[PDB]
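As structure tokens, one chain now follows by itself in the form solved without the named molecule.
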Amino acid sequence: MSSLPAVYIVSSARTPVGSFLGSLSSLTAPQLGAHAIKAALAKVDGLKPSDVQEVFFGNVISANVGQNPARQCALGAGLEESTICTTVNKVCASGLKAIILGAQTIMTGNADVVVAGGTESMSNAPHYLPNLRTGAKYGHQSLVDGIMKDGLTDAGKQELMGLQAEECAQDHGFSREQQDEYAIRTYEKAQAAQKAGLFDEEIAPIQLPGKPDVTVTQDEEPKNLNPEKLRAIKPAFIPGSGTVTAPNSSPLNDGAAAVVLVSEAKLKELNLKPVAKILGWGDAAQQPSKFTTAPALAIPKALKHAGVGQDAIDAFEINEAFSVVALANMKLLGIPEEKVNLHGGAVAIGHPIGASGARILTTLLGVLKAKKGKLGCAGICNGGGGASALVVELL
């Protein structure tokens, strides 16, 4: 990092995270993303929506969303038609890479005010008919599930992410029981944070037109913890000897999250109060079926970029694609669980894939405040072999 123009986070906001075909399933991904952008900008005293110059928004399963999901998010949030808008896809890391690109655009001097984040409506992912143009003369055909194909299946092995999670349990020696106790713990932390009001600030509730109106205030998944059923359920990907289950994996989910970034000159020009400063970031990648432990490369790289030692981080967000992913990255990096996902993680909160990268950053800012920490680091792995990480200082 060192001597480049500083980048400040002046706000952040997220939708509640809805369950698959659940509370938010009637909204499109641009609708969720617009809602988060609008709510992030409303929090900045002295910054107008018309000051936003550029948007990078993550989104993975973009089929049937329409032209440029980010542009639709931005216009739907009331930004000016002059706003530059780009949609980003690095699968599960899309939301964080979007924020990195936003910070880079300020650093290279091409913008002073950037909104970045991500959105996903997994409920509204369609099915594909791939061969209607040239036809298929004879034989049964397939309707491809867009979630499986473009979100959850490794391209080279043609295996779903749960089988990569099983590789992870084998590679790093985590049993069914260890994965279940981790998942119970992270559900408990998410429920405790919920009940204590600790998500109230970051969440922007959604009002659904009515019957009268419906208001969605809370993330849908945390309440679902039942530890007896969790410990008793059959494994989801390998019969008999499997370790990965639907309880101890992240679910399929709907949601969006956004941050507002400004340059140092704009912070002073508009007399803005920054929430946090971006200190650095890192992307890394390894063998695609081992994407589960790519954060163990991206996190040290972000820390080096930021000029910060790992021990000085007060809180980590390690995205819980599966419970085994958190366990393996904690083991490889030597990070105690006492510093990880202090308000729960994606296993209990949900995982709307194009949004999760920005979602955990929003939650991390809340964790640092609630726990009186200064330095935080978010790390998220992604299908294909990659991971992205970011370091922030709460001001």
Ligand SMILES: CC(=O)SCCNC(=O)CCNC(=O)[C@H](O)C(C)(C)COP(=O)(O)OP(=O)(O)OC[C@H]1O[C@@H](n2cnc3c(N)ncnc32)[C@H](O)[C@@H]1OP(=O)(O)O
Second form
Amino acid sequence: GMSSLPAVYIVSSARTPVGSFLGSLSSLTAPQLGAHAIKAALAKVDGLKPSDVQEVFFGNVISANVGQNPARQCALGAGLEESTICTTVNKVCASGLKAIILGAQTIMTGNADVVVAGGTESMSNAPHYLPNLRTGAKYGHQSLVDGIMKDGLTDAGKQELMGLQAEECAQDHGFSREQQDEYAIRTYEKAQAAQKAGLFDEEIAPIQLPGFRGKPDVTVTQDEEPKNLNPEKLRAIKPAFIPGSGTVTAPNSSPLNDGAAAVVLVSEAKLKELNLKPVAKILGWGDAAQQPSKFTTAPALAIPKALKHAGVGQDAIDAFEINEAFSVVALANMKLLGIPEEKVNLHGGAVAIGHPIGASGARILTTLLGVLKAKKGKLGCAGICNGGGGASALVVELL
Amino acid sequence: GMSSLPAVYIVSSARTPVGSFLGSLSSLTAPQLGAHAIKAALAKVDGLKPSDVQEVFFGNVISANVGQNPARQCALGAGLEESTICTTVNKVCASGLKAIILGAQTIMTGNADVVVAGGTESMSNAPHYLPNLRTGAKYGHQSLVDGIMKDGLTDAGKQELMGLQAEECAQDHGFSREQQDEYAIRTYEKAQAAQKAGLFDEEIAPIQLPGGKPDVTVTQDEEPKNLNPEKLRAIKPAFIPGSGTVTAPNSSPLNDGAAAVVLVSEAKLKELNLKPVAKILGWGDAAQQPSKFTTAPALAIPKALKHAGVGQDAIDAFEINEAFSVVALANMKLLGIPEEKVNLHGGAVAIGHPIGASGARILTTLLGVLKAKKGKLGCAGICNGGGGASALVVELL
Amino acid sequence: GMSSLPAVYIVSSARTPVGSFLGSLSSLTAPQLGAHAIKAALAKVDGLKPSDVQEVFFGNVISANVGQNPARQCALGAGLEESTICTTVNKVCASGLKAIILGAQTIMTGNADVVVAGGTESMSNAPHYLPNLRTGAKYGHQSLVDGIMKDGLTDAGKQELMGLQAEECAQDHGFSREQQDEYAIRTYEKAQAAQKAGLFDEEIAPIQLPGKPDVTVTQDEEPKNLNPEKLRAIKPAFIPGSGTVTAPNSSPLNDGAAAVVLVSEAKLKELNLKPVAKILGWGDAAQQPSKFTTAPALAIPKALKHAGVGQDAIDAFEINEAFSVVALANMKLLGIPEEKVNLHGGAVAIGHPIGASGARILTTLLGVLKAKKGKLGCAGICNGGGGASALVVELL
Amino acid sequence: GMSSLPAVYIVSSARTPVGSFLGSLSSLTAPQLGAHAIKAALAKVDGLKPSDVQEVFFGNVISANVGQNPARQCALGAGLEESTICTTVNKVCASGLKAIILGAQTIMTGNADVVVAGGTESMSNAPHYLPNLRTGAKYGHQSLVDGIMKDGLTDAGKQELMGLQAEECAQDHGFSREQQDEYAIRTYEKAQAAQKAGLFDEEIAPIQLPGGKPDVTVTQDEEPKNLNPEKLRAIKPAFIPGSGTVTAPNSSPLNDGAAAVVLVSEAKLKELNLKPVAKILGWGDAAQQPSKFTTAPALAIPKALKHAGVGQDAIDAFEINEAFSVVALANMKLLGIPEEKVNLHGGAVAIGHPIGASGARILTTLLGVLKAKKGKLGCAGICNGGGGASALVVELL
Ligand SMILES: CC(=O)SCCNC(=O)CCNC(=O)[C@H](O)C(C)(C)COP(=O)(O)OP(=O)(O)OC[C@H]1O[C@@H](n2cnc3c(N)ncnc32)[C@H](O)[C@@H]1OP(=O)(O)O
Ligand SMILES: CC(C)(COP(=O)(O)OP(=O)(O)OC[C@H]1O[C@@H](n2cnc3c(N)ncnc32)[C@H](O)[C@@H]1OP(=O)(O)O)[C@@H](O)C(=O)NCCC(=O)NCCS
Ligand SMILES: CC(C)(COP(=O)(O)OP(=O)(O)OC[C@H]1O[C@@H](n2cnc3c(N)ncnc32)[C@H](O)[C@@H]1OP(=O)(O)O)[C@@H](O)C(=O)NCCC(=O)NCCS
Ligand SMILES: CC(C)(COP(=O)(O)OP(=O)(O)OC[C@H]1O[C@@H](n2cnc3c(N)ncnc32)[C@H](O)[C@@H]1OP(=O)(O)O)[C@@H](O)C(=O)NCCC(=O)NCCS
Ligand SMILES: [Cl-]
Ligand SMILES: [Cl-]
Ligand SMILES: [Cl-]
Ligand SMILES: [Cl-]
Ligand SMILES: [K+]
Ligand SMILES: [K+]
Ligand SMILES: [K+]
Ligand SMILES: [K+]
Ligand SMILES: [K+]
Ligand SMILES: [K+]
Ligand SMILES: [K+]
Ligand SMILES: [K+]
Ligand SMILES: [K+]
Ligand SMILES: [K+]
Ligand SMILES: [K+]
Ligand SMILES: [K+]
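Given the form solved without the named molecule, corresponding form solved in complex with the named molecule:
Let us now look at the entire complex, which starts with that chain.
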């Protein structure tokens, strides 16, 4: 259903390394990470200046203490002009991909010719909340609310952590502790393999952290999590969400993480005016939702909807990015859609790379473009579930 | 601009009363206020069921402790289906209007036929933050950050409150304390006049609060009755001691509230034979230096008029959001818009400013002004911290 | 065995009004209340200058955010000389009486001739704690600890509120909810009758809160709250459904301070002071922590034996009412008839500023002795953790 | 003097290692440290059982979050009977010594024959405070108060940290940065020499910390090893930038630790045929202007000596607590006490200053100094914030 509308081209993309929780990038705020990703993306487009960017959509979930309009801070921090229109987007884990859809639509309705879209998250710098200080609590202990748990990882209706709802997925779709563990080992191995072959080198923009008080500078170059794989330890670890007989574990779940990613989108007209070389074309997209506790399999709706919107058959896709909120999320959506694992997350997924929730929808699209390049594919599809019951998906053609 | 693209119709709108800070609505969360507006807006459309809504865009600025995806909680709380696509939008004070823009665009690209959009804010329930508990602070007094100040009212680059940058507006454009106060008095008078004549009755959906106390219905905006002109002219300034021109009476307050609009495509309007209230003619976002956000509407409003193919003179009524009295004064001066065409039922200085909601709140009020004043063409413009503004042009049908 | 040691004389006493939680006195800090009672107590001794006070012992339980040495701030706030030796004492609810014992001992060992002792508590201004901020806590909800609950009202071992162990007392010694309610009503009425008769007027030093208009606080805030039928119908407070302990038949949370002025035999003679009373003896005792409620049944006999005074020769007792059941159980255990217990009401009706109550009941006891024309009094007060303190006095 | 009061004997003492701030003992609470010291001190008395202890006085300054009656928790944690009378004492840094004085007095008035006294502090586990949650604060950032700073280290009248009032001491009595620095190096050298010679082995009760982690034993004080004379003389001042003379290396640190003594009457000493370690000869408290607390020992020490019937020249060893290097220098100047008789095994600048315990810690160390150096008469003095000091004189038997 998109072919009757103006075309939207990706002319570049970039991402930070993904840092572990309280880890390599924990000194940087979410706008600093997003600015880094936006600046790096634009630096790759010869013939396009940062001052050409008219509008920004940037995902961010746990915005507490980030300050006014995280997307605007990202844009100005990146060196974009003060004239740039900036909107922050929250569709929990789908934020980064919905931001890109919104950027594409803004080109399609004629209101921009150059848009930067993506997402950022600093889970390390998510604060705690004191909820009752204005009116007071006269007597009794109080709770300091962990903002990650409250605004990122707990389903609002059932007050269940995403991890507990992944257990519901395992039960609904018949995936044992062992199948999830072997999936996680495989995705770590793919991430380590791509890392070692240099296959993330182009998409990653290393971060230089200036030393303080004479201390040496630090360059963060690679994702922090992939090296953590220890197969023997992973198979023996205790469950994370259901004691004893739980199947979901910290090793086979996505971690908490810091990172950002950005894509640069241009209209057909701007591509011709500036004689730009496009990397990919956006073919279509789809959002879908169902029962909140079944958010884990919402991609099974979004992906067919995105393929239909793009006019592409599922069998024509050369590579899928199915975001690994949990290992069981990938396994269940592959099962429901009949997609073989050999076509899914070819450079590993968020279980091994990390899951900065506001950035991951854009992070996986950046990685998808690198997969299509390295594996000489043409058609890709990215899908990512989000807490609350939804998912977003997008189809790209590598040019 | 927009005339080459599919039409988008507003088939209804609704808003909560605007409650004062820690006031009439402080017991309700932002999604409870949002659900209330959404539900009330859909109840007005004869022939459209809540299950027909496909997608929601809802503004919300200070989202700390609201929980996962405020917009999704608004939608589910309103009785929408679990299949509904929900996104929360933050463009600070322009959030509720940008949400409506994104909703219109989603109809225009063919991805939805029925969209609900608007915004909500519970400033009363914004928490305080403890920023460094994960890594620890070994020794020394720490600080608890007020979420309203940090994420709502402080410009990130300068670390200045909006009211301090409103003083910049008064100096840049030469508006005295007296000019700002008399503006504020006039907009309170217009709000009180509209209240007494029942002109907000249609747009407001009253809220029923279960009582240890009797049961309370909140039917009115809480702020308009506070006008005391003698006290207003005598009060000390709020942001610069001694020489300041900006005061709490001539500034917008902190407030709680939500507002929603229902958007449909041309095909859906015809399939269901729905009666549209208005048509969206065009919109425009603009931005400039962050500390000059006060006059970004002087950019966004011409841009939206150009997108709509409408001349500024053909507009029958404007809503220029009153972040501060000086904001309305400065944009009227720069654009050459007479005050006789501006905020005809009062603005946010008198009505309240729940920041994530106000962009949609002013559009709901504009539709009422157009009907009451027998206007056809309306334009709403709202500035936002960080240097931005958003504006929207509508035609009353 | 005090008859062979130096005699200790009470030449005066004074207390603040006792304010309700977050109530009449909640704008004052604990040292501000303490300073008020100290200065007022000294104002009644003609011929004793505040600069004559050599040493201070002052009780205080929830000292968090009060600042360095609450007792020293009380002394300096009251106008005492910077040469004054100042120690803060925490024996939970017994702090104000143990402080008086320690002051009397410092007279007896010859290290001072003029001592001020007593207690203060501002439960209103007790803070909340954030315990793991130094090392940090990486992921998960944390707790803000109510300092009243943590440092004042919870037994350290069993980790249970005092009210829950008051339920133990009701069970162990067999006192129904009805009996506890009937005792609460009797002590409220006595407090109201002493109040209406002006019998608290001399011991209370009214507090002036400057504004816009000034506010004078003259009376205890709690006694008036009595509502017999509402009291008899309220749900329990520590065990839902079957509980016998309620907020109306328990002590409240309160703010207040109290002070007494002690001198030696020699100083009394030197400046020709008129003593109000003489300390005859004291006793501290302790037993099982959850049984703290009947620890005064050990400390009251110990104090009487130390004073060389029989239990039946006592004209009035102050048995502190941590809960109504505490007074009933100690009356039952010691064979004390209620007719000579808390004749102007007790903490259930007057309030329980925990660091001050040990001195508050002694000041009230001295007033009961004058009004009822008695000579011998004994004050006993239990404290969380399992202990109790008691003191025997003779009205001169 | 105390010649007219009954005799009070010390039959044993013991202390924990002194751990650094957030250091080797940071996992232990104040009552766990106190109970450890009490239990070890009683273990040294052959013929006295723990069930024989009748009353405890225990110092503790920053008692926030420690729970009801820290002294009672120390006593029960040590295995004392539930019949033990327990009182917690706060005279700031003098707490541990005022506690011993009160325990002696309770023996002297006949109310006990066996008393345990001392003090404890876990500065590592002092919390932060939220001061106005009960009443609320409607709008604006709030402050968390560090309990160490508020309840341990700030003069209440002037709101000055102790280290700032230490500079006053340096200016009042004319001690330069260099003199304070050379003093600190000397006391670190003395602490290290005592350590290596095992002179602390008797007084210290090592602490066993369980780990599937391997178990760790803390046997030494953590601070003495930190001496770096080069860094010390070049470090920047800690309380007055630029011109200041007081530094972190020449000040006492923040620390954890506890210490205890066991006291008996003459009758109980005879009944049980106990060999006493020492006899308490006298004591004295004194106080002056709060900001001049650094020199309050110069009143308390002569007062204690007069109470004990001992001339100053008769004393074989003094413990003058090193709240700061300048504090020991000033008191040696005022009293004419040569340094050759002061803190012979080092002081709190090198050993640590767990403030609620230091008053008892220096008496434990003093008894070791008297034995090691063939002395008979010793005097400990310790100042406290607020203007006070406490001092006590003992005879080694
Ligand atoms: C909206 C959406 O997208 S839905 C999903 C959104 N995101 C989420 O829900 C986040 C899910 N993940 C989480 O909540 C957190 O990462 C948690 C709770 C699972 C982590 O729990 P933790 O116990 O703190 O994880 P942790 O990193 O400490 O690992 C625990 C153990 O597993 C070990 N381990 C971790 N990863 C591996 C690995 N690949 N291989 C072997 N061992 C591993 C660790 O070494 C550790 O062992 P140890 O502590 O005994 O030394
Ligand atoms: C301005 C602000 C700080 C209010 O501060 P405040 O001191 O708490 O304001 P108050 O409501 O207490 O009003 C103060 C006084 O003015 C009086 N007052 C308020 N409105 C009045 C009116 N219309 N007429 C006469 N008097 C009025 C009040 O009665 C009060 O009197 P008092 O001192 O005797 O109590 C706060 O509302 C604010 O920050 N507004 C800006 C919000 C914002 O920036 N939004 C984003 C914009 S881009
Ligand atoms: C027991 C305790 C938790 C009370 O909690 P609380 O319910 O908040 O106390 P309140 O004053 O609010 O009482 C609540 C109700 O009781 C009523 N009430 C209280 N005292 C009353 C009285 N004398 N007569 C009639 N009604 C009374 C109140 O009117 C109120 O009614 P409401 O439900 O309409 O509000 C608290 O006061 C406490 O812990 N006291 C013990 C203190 C202590 O342990 N000290 C140390 C002992 S060792
Ligand atoms: C003085 C005080 C503020 C310490 O400040 P601090 O800077 O946080 O402590 P530090 O350990 O970091 O010391 C600062 C520097 O001096 C170094 N240092 C400490 N002891 C040293 C020593 N003996 N030799 C050489 N260097 C030393 C430290 O290694 C550190 O060096 P760095 O800058 O390279 O890290 C704190 O300990 C204090 O307030 N003490 C007074 C306690 C008190 O008042 N008690 C009551 C008295 S009445
Ligand atoms: Cl959703
Ligand atoms: Cl902006
Ligand atoms: Cl006890
Ligand atoms: Cl003092
Ligand atoms: K470029
Ligand atoms: K690169
Ligand atoms: K993992
Ligand atoms: K309807
Ligand atoms: K209506
Ligand atoms: K106003
Ligand atoms: K007098
Ligand atoms: K009086
Ligand atoms: K009561
Ligand atoms: K023994
Ligand atoms: K030893
Ligand atoms: K030091």
